[PDB]
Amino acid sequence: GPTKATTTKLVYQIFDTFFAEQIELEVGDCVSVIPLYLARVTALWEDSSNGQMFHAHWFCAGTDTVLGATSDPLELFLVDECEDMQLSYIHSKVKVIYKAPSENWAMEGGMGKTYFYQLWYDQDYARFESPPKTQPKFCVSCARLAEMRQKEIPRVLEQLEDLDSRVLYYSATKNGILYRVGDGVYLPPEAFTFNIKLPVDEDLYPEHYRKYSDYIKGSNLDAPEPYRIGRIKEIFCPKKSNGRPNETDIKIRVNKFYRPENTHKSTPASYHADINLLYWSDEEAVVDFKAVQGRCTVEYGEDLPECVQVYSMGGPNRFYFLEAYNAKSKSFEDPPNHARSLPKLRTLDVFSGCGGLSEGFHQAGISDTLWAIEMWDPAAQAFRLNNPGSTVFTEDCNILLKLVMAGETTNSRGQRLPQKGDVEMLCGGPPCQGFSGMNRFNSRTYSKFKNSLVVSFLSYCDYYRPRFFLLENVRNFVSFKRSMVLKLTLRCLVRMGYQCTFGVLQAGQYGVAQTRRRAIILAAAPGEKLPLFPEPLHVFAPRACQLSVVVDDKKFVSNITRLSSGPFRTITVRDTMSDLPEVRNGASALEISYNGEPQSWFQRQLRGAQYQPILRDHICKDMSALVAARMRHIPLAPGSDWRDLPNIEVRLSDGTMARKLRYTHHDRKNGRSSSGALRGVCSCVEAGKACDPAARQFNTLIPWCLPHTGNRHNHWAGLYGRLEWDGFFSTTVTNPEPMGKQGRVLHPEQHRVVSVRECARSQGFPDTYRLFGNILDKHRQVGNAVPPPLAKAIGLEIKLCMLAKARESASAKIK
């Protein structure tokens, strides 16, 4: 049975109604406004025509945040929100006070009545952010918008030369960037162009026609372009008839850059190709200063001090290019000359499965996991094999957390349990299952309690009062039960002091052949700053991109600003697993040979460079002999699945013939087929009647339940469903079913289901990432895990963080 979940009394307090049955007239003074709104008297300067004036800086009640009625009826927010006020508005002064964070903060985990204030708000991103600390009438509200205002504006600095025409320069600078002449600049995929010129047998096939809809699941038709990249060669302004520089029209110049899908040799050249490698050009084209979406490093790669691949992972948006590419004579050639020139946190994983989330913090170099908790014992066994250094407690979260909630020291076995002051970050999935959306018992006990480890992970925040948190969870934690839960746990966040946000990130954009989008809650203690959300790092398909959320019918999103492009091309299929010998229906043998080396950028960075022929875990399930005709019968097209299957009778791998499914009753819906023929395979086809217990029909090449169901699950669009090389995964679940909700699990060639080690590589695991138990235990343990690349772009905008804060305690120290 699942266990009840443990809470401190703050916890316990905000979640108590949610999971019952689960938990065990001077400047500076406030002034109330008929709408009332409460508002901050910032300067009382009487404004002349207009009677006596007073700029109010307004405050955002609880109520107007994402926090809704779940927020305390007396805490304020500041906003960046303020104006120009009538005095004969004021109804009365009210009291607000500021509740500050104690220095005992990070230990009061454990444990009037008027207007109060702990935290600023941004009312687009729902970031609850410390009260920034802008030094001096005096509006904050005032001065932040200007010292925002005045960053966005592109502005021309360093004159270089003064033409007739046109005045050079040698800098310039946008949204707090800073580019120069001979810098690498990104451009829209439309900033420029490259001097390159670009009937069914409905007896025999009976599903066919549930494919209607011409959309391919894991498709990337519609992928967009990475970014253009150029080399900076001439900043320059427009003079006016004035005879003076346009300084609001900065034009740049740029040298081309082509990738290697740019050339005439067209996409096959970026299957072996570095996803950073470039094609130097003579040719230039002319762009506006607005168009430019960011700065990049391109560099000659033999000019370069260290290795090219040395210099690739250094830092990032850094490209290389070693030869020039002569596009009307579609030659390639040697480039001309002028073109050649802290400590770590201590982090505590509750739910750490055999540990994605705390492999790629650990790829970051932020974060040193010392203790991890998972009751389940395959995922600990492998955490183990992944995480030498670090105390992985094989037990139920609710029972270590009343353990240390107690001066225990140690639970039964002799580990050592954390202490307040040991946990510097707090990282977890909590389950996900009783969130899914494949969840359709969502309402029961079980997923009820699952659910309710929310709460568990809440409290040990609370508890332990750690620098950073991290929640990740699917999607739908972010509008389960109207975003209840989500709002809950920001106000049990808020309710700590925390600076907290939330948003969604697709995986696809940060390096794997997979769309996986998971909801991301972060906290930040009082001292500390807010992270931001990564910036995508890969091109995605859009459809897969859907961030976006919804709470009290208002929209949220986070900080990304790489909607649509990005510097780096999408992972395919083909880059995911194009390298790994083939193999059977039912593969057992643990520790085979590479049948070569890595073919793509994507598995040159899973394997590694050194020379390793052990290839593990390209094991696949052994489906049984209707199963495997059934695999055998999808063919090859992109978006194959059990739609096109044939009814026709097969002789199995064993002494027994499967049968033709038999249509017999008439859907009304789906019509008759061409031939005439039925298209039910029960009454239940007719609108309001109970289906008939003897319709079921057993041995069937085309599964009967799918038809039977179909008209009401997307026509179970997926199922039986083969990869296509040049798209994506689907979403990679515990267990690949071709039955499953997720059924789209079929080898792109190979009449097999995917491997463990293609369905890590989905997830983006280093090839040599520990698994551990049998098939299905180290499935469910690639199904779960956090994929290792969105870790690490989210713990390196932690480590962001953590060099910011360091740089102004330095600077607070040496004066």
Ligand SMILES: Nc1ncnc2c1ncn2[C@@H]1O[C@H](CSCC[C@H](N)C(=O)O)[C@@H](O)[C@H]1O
Second form
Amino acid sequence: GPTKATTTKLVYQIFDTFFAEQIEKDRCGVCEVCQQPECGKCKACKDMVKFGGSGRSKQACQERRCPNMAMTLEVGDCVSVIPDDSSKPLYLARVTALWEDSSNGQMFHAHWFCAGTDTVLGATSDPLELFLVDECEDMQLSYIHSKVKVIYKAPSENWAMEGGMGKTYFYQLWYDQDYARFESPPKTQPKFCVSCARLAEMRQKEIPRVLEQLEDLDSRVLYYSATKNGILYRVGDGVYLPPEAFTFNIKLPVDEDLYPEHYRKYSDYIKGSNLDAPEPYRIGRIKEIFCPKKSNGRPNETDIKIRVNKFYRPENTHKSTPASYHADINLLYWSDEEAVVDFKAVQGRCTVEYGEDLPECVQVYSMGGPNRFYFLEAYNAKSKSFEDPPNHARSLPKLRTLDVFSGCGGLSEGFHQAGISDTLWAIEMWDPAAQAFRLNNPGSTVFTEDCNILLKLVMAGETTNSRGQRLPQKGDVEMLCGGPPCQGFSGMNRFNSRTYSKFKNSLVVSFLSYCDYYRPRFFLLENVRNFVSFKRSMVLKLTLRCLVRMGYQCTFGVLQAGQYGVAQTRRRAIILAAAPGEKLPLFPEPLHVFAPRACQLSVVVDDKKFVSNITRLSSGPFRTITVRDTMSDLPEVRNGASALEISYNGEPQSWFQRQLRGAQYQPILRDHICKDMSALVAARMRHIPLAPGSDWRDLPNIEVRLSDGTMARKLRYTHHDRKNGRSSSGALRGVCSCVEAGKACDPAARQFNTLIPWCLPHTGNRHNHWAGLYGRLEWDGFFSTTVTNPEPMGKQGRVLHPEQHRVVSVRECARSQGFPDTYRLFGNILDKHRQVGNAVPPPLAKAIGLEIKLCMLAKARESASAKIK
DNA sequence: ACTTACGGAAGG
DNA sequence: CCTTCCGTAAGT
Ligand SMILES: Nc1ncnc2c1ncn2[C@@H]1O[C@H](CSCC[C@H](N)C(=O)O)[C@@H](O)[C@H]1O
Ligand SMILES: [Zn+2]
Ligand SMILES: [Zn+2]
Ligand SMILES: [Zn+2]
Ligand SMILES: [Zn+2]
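Let's see the other form, the form solved in complex with S-adenosyl-L-homocysteine (SAH), since the form deposited without S-adenosyl-L-homocysteine (SAH) is already up.
What follows is the whole complex; the chain from before opens it.
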């Protein structure tokens, strides 16, 4: 069975009543009733201090009875402000100024606090915690109800060792409401409202301004540089532009008885289709920044314009989008075509280098930093040719990381190639995943052990495990990464209310107890997207509450993995936490353009929408990775492949394949092995057409001679489906007595050995017609979310090869996840598929790791600048 | 060990 | 109304 969650007392007292039967024991507060705010109307609410009462009586609100219970004024001090309607609680403010405004009366400047019940924490927060917000306004002194004592609960100097342990308002963190960020209080140097200073610094970062005038002309004036959103651009720099900023000179009835299920295809929406993905950014080289002169004879310093030399992508030339198949993802062509755009349109700065002018090689230059492009040739669109460009065209220590619920190590691998971490410890109960981690991380300690048992060992002074493996003590772990089991949070689990999924979900508590005990600098929790909305977003709320209770800067978000370099839709919830002395990391900007339907990443918690700090919504520097970029070089293999190590009959064909294979010649291809489906499943896969969007619904209703001694029989429609109606020939469409609403199934309408699987028309009407089951991938599209078992009749069943009559291999699944072709998997084909489908795609972990590297560099620079004072 | 039959909430 | 998609019990 499953063990109970090991807890510190801090985490226990928060997750107490939620996992009442799952955490090891030694007003529930979490029900839907205990989560709504106080009413404000009743004589109970108007007697607690939040609404301007006495408070001598407790008298809980008369809507929050849990169904699980038994039954002078001087600047610098904080005050209460009563709003119009009394049902909203007292607004807590700080006095930043106390001027006497003539003609208006006594006045002051209120810098607002945010109560904990007004944040993403909701009712989970304690009624005394406050949060700093950039919210101020001038109010009359007629509004002060009373003077409030507010304390600044700072983290101690031994905060990193406080894992394991009145009635005045306190605060520790600043709150950003748009992104639900909890950060340290901003160090702002001196009225002096802090919110006013921060908003004034923000408003003078929004405004683009030209700098260092270059040459004065009659109708305009050139400038050498400009600045926008804190980014400085000069003449000759590369700029990102929206795909609409300029243009290129290159001119851009079935047989319903043969196919009785084809009628269920009436949406025309194709899973994994890239026909609606946007174009990547336009790339320009700034030839001149200029401002037009007003009628007064001097420049308009707000109408900043830039002239730009256009760059072509290989898919922008006359040739075709096939030109993008083998080309580099950051390869361009120089053009002598120019375009004038506005400075407000620029989406960022890039680097466009002439290829054979570089001191490095273009392969080492391309991996050096972000936004790096190169070109070798100039494109002539009027003659549709390529020449060489003209002359005016040329010219920290690693964190010590503990990975809990490691698996095969996709998150650790992504963090390792980001250069930020050194995974020294891994906890992985499942033995094949632990062996894969040992094969991919020869210098780590993998604990093949339950995380609860190991945490209970380390919270006592045991210092070593049974096999004699040195456990990590507090002080060893600078980074704690992990993805706890998602099986109880997934939207595919239809038994998520049973003890199995309860004990799956209780491992988030174990992970948070690791975070509490070890107090690392950085903490990463990864889960499926449904982690943020499971059980009314209460697990997310309680996790963020635990984090802010420890004293952590924390933030949550959702990231689409395909926006970072994989041909796969995979939306994942990410929780980032930083110790009080750190910078809270930002989530990474999308690198590749991805299908807009796969990019819904906002999170609604308690009827409030939270986004991430991401700004790249539509476009991006790079083009989408496709199925052909992923597996167009893997040789032909058959259903039920068993040969582990085979040959690469050829070289890589796309940029993605060169990235995943490398440059050193390795003619060994491992794990291009497919599941061995039965004869009926094989005949079904044989009869799925090759056209895109093909799935079980264009199966033929014929009898087929299987490979074994069996004839797959014909599906019979024995009942009338009053919702689907009848076919053109008058044939029925129901397969069980369930089709008549208000009737039970019949244990005689179940039909076996059919080419069309009976269960799919049986329950298709309430399951989106099982769209995608026995579905093929298209070469121009992307994968669907790679799960631990590619099953053509699974909930995610779009796993058929584009051309071959089989299921995607282990190599193709690892490539849809962004795993290097040298990454080691272990066990039988099911173990390998499970390792691959459980992992975090290494490109996503690499983007997040670079965002953590930013904060590590920032802290190091701040230490240096405070050391040479 | 293998194969199938398949609930319901959230977000657009 | 349609689409999502780290999968689970139960049968065999
Ligand atoms: N109680 C527990 N103790 C230790 N490991 C556990 C566990 N429960 C589940 N696991 C492991 O957690 C793993 C899933 S997380 C593994 C994938 C990881 N996100 C990655 O990027 O590679 C599974 O392999 C499972 O064996
Ligand atoms: Zn009340
Ligand atoms: Zn309750
Ligand atoms: Zn102010
Ligand atoms: Zn039925």
